[PDB]
Amino acid sequence: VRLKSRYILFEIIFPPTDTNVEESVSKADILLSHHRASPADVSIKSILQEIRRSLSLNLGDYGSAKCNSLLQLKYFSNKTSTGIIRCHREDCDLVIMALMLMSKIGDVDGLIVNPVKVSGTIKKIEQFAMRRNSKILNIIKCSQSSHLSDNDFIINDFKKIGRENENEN
Amino acid sequence: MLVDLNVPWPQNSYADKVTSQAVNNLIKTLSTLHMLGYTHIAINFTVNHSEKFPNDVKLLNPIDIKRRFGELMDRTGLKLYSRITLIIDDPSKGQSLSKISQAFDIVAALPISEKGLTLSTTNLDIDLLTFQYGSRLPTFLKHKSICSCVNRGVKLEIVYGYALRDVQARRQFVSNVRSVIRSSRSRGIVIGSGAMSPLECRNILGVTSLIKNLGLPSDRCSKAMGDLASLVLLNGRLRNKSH
Amino acid sequence: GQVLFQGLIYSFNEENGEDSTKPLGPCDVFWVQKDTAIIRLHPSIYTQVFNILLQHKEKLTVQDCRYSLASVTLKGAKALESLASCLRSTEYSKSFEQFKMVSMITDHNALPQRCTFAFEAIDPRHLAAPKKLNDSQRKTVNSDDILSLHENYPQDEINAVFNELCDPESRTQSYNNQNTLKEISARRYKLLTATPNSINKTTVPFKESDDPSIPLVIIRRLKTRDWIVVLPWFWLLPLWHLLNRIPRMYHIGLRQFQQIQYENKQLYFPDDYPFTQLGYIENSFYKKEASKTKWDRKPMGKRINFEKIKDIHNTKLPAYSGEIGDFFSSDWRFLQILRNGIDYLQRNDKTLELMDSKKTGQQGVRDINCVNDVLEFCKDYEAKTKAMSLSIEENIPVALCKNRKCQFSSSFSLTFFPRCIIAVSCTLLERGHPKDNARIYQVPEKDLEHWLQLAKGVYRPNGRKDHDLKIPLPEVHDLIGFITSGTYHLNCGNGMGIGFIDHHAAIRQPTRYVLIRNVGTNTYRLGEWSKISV
Amino acid sequence: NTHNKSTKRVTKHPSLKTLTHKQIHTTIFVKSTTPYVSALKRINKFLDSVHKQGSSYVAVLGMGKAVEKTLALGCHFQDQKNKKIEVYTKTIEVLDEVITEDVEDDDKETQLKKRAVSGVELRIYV
Amino acid sequence: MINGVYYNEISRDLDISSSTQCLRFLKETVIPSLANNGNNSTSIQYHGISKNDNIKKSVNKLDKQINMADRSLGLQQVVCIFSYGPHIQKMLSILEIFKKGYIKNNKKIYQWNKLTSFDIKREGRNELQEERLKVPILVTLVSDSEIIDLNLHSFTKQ
RNA sequence: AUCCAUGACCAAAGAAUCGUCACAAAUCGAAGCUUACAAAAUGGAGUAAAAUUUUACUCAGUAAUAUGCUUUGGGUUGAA
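As they're listed, the protein sequences go chains E, I, B, G and F.
The authors' numbering puts the first residue of the first sequence at 2, with every later residue one more than the last.
The authors' numbering puts the first residue of the second sequence at 1, with every later residue one more than the last.
Mapping of the third sequence onto the authors' numbering: residues 330 to 691, 695 to 740, 750 to 875, in sequence order.
Mapping of the fourth sequence onto the authors' numbering: residues 6 to 106, 116 to 140, in sequence order.
The authors' numbering puts the first residue of the fifth sequence at 1, with every later residue one more than the last.
To be clear, the hints were calculated from the coordinates, so they are not data collected in a lab.
Careful, some of the hints might be misleading.
Below 25 Å or equal to it, Euclidean Cα-Cα: the simulated DSS-like pairs (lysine-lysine) are [what the hints assert, rightly or not]:
| no. | chain 1 | residue 1 | chain 2 | residue 2 |
| --- | --- | --- | --- | --- |
| 1 | G | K122 | B | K407 |
| 2 | G | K36 | B | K797 |
| 3 | G | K86 | F | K157 |
| 4 | E | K136 | F | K121 |
| 5 | G | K57 | F | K114 |
| 6 | G | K17 | G | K74 |
| 7 | F | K64 | I | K79 |
| 8 | B | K404 | G | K13 |
| 9 | F | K121 | E | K142 |
| 10 | F | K56 | G | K22 |
| 11 | F | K121 | G | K95 |
| 12 | I | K212 | E | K67 |
| 13 | F | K121 | F | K64 |
| 14 | B | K645 | B | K407 |
| 15 | E | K161 | G | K86 |
| 16 | B | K468 | F | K100 |
| 17 | B | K688 | B | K718 |
| 18 | G | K46 | B | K552 |
| 19 | F | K108 | G | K70 |
| 20 | G | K10 | G | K74 |
| 21 | G | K86 | E | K142 |
| 22 | G | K128 | F | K27 |
| 23 | G | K10 | G | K46 |
| 24 | G | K88 | F | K56 |
| 25 | F | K121 | F | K27 |
| 26 | G | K74 | F | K157 |
| 27 | I | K212 | E | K28 |
| 28 | E | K118 | G | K46 |
| 29 | F | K99 | G | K127 |
| 30 | E | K118 | E | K136 |
Residues from chain G shown here face chain B by an in silico Cβ test under 8 Å; the list is partial [said to hold, decoys possible]:
| no. | residue |
| --- | --- |
| 31 | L21 |
| 32 | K22 |
| 33 | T23 |
| 34 | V55 |
| 35 | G69 |
| 36 | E91 |
| 37 | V92 |
| 38 | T94 |
| 39 | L100 |
| 40 | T124 |
Each residue gets a CB set at the ideal place from its N, CA and C atoms; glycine is no exception.
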């Protein structure tokens, strides 16, 4: 036979969690504030190291060895924190448990790691990511005139993440 | 839809009023929960069931839901509700719940000792039951106590909030959740979230796995935040016909 | 008006006193010049009608030309466009002008009742490649030129070219000089040294008298909505070779024909005529063997057990342990016997009764007290009266315009009178997927409110539809019909079936709902039925 | 003159059309019994595979019952989706059959008549 | 609240079932907002349609309004006709017939069209879900003369 | 000339039904609900009021009901 696989698409949300801010309330501003980029101190190695730390403490040897057999980080972007990870089909829930029970990546603090979808093939998570980015761009360009979000935290990024690092067939 | 119904309201008793920073924190955490996917939310409130309830029929629910949060029920579609978490310790001290029934939608109970726990399942007016998963539940609880209430219209609740704060509370949480699952034979379980901060919230498609790898069947993990949590809210709202 | 005919063809036998008729199947009759007729028939009923005409060959004349005329059927939108890309004429004829103009419709339902074409083509092997009719120039066809097609009809030019098919020596002359492939190749090669010297043509020219002319007829069938093309036999192969070089032309078999005629809510002569002498055989003698042979030839336990099924009906009669009727076919004999017995059980006692607990066991007395007695009578009549001997009867007539509904110790047999039925199509309002031979029950007067509420919609607190409830069940005397063809209907997106139901059942329903359940299952789905005018 | 006492059967025909394999793949005929989300999904999936046909717009198109339904869909694409649409009002002519007017069946004589209605074409850009 | 129309994210107090009030609001609120300044006024004889009409008299009125007994050396006869909801089907029966007999004297005519929408919020399936609907709005300008100094870039010319 | 038990060889076939799984899009995947209309376009049918015109209404019932409904996914007439 052939070995199955599962791909997990994880984002990183950086909530403000600071007092004396009194933000505005609108679907555009909440997303535009929670979705700031990553401070570039995180890397492809920091996330993997932290997700290995969170398994050998919230699970034991027989929980940190049934997942570490096949666990590879494929694609990660800093302009938008989306990333893709790969694991065995029967041992994907333990990786999710590692995801939630883990915060404070490396030294960066006050953040949430958010797995948004899991799927078998790799051809389909690409389409899902494209649809997700299209949906975000549509919702940010409809609240008002789009260029009131002129800071361009993410607007120039979705178009330019087309296939630059996504040629992993 | 998704229902999360254990967001706490920052007030300890009927004496103090709410400050500014507390409500400022509450609004931010509500916004974050709205982003993560939740649509319907309820707001908790803790008392001791042995205190002087306001005599007048008003100002007994200081939530003030229609003036505050008026700019969040529009500009984004999430809806909000109200609930109170009575703490029962003694089999006496009156104050029968016929009074506060009209001023809320969801009434819960948080028994502490054996007498309180056996009173709670005996004859009250609650529509939900909760425990203190933080530490030191009164152990050796069996199907005998819980069968009678769950046969009637009562539900059990898990919070998963204490799994995020500290390791020492995490161990007690994971110890007690297994007992409460296996004592009720996986019947009438719903999930809330104790979010004291805009950091202690989580998505859906992982917490279901967090409950599935503890003992709950995968067929029931998909109805905690769902049909049962919708039915409790539907009944609570339909109770408002007292007027 | 010489429009095509499609209907039902009988077999009259009026020659000595008592006579009757029995439906046989479909028929295509086309009249010409008021004293010539062309008849097209399915092969199975070809001979039986034919010999009938031979009873009067003193007065008529008949030609079994089934080995001399061929035909092709075309379906789709871009059909005439593809056929017109492989046909040219010899002279100028108006019936080719009309054919050129009407080959640009793409929605053939707009055209009127009659669209007959008839002309004389040349050997289609001249072209060497299909070619358009230069049609892109004219693109302002409107609804005013269509009305001209009902007045500018070339009657004589159709008759003259048509009468070169109803004469054997004329279509014999039609072969007068049929060319071999090599000499056509040489003729084409002779076009590289032509006199115009500024043309570079590919199609070979046409000679005035040293080449054959092929008569050709094209007719339109409205009920089936397709095009017939009728041609001489040996000419079919040269044409059919070009017609399959179109980049988007596909050939279909006989199953696809059944599916196409199923989708358009229409019957199908072989499989779906249980009131004809051959449909009955195909149902109760040909499908049943093909199914049972592959059933009883499986190890037990690796197949659906038919007489061990629980909770089929509200209350259980001890006659049938499990399922009702034969497991492999739509059994109509049981329907006739059961319905007739149910009707007789209400001769003067309106209130039926199911079973009396152990009255007795049985002049060969077979009393008609309880409904279990009717069921055991049906069980006795099978496997012990027609599995060891033969008998023929048509328990299934078709709906008649007259009115002979009602009826009633001399002649009270349960297999003597035919029970009239009608043909319907049932669509499912909720989940379901009706396969073949499934059963159709009337909706009980009790629980009508529950099924109506389910039809309107019952929603969970979540907001979706509510499905998992308590499904109530009807009795066994609520069986009124069978389903003969059913699958997922792509034209509407929900499952649909076609079948027959007892006539007297429908004319007493206070509503328009029925219950459908497959064979070997106890799940009842809801549906609504509409009539088919056949 | 004559009052139209034609309660006898009338077999309405679809309007005469003509297509070119380019209007086949860039056109939608909104029926009266079309569920809203059905046409929504159909339109949403043609604006993704129309560039390869060398076009720049999709022609939603309807009359009678469809018009308001059609217009509703247009609204959903004007705002809340941020696309530009053009609206054209058209007149259409269709054909109806009427009988010429023992007991005989449906198969009676036929005469054609012409009747006009009005509809809307609505072009949604990309 | 969960009731009432919402035109341009702003609550309004009027009922869809009644047509006259909605037509009045649509006439005196949004039409000047789309058809911009025309020297503070232009000869525009407003006309609203409803599902209860008689098409002959309405097309006669539309014929009259575009010719005030052949005004000489005056302003332009610009007409604006609008409708919404289930009444729209009645408007296109008029707007086309009026154009049919008017071109029997080999004269030309120019029109512009524009489409907008009302939003409506109502109770959904159960008491926990809201549902929101869209209602169409169609406005059309007919001129009888060439391009006008008014600002019409969103409109569509036919 | 009969039966039972063990063993060898040949041959047939490789279970059916019901329920749940968050997003103006979803799921571990796929598909369906596009021959534009209620004969209200020989320039629809009627009711009320005021000096043909102006102002108010009735008539469309399988009516229509909004990211909604329905079907299906390892050897389909064993070996992919």
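Hint check results:
| no. | hint | result |
| --- | --- | --- |
| 1 | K122/G with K407/B | violated (30 Å) |
| 2 | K36/G with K797/B | holds (23 Å) |
| 3 | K86/G with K157/F | holds (23 Å) |
| 4 | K136/E with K121/F | holds (24 Å) |
| 5 | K57/G with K114/F | violated (30 Å) |
| 6 | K17/G with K74/G | holds (22 Å) |
| 7 | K64/F with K79/I | violated (55 Å) |
| 8 | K404/B with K13/G | violated (31 Å) |
| 9 | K121/F with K142/E | holds (24 Å) |
| 10 | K56/F with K22/G | violated (30 Å) |
| 11 | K121/F with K95/G | violated (32 Å) |
| 12 | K212/I with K67/E | holds (18 Å) |
| 13 | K121/F with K64/F | violated (40 Å) |
| 14 | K645/B with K407/B | violated (57 Å) |
| 15 | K161/E with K86/G | holds (22 Å) |
| 16 | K468/B with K100/F | holds (23 Å) |
| 17 | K688/B with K718/B | violated (29 Å) |
| 18 | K46/G with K552/B | violated (33 Å) |
| 19 | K108/F with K70/G | violated (31 Å) |
| 20 | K10/G with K74/G | violated (32 Å) |
| 21 | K86/G with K142/E | holds (9 Å) |
| 22 | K128/G with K27/F | violated (37 Å) |
| 23 | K10/G with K46/G | violated (43 Å) |
| 24 | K88/G with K56/F | violated (37 Å) |
| 25 | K121/F with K27/F | holds (23 Å) |
| 26 | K74/G with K157/F | holds (23 Å) |
| 27 | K212/I with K28/E | violated (33 Å) |
| 28 | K118/E with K46/G | holds (23 Å) |
| 29 | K99/F with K127/G | holds (23 Å) |
| 30 | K118/E with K136/E | holds (15 Å) |
| 31 | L21 | holds (4 Å) |
| 32 | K22 | holds (5 Å) |
| 33 | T23 | holds (6 Å) |
| 34 | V55 | violated (20 Å) |
| 35 | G69 | violated (17 Å) |
| 36 | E91 | violated (22 Å) |
| 37 | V92 | violated (24 Å) |
| 38 | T94 | violated (19 Å) |
| 39 | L100 | holds (6 Å) |
| 40 | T124 | holds (6 Å) |
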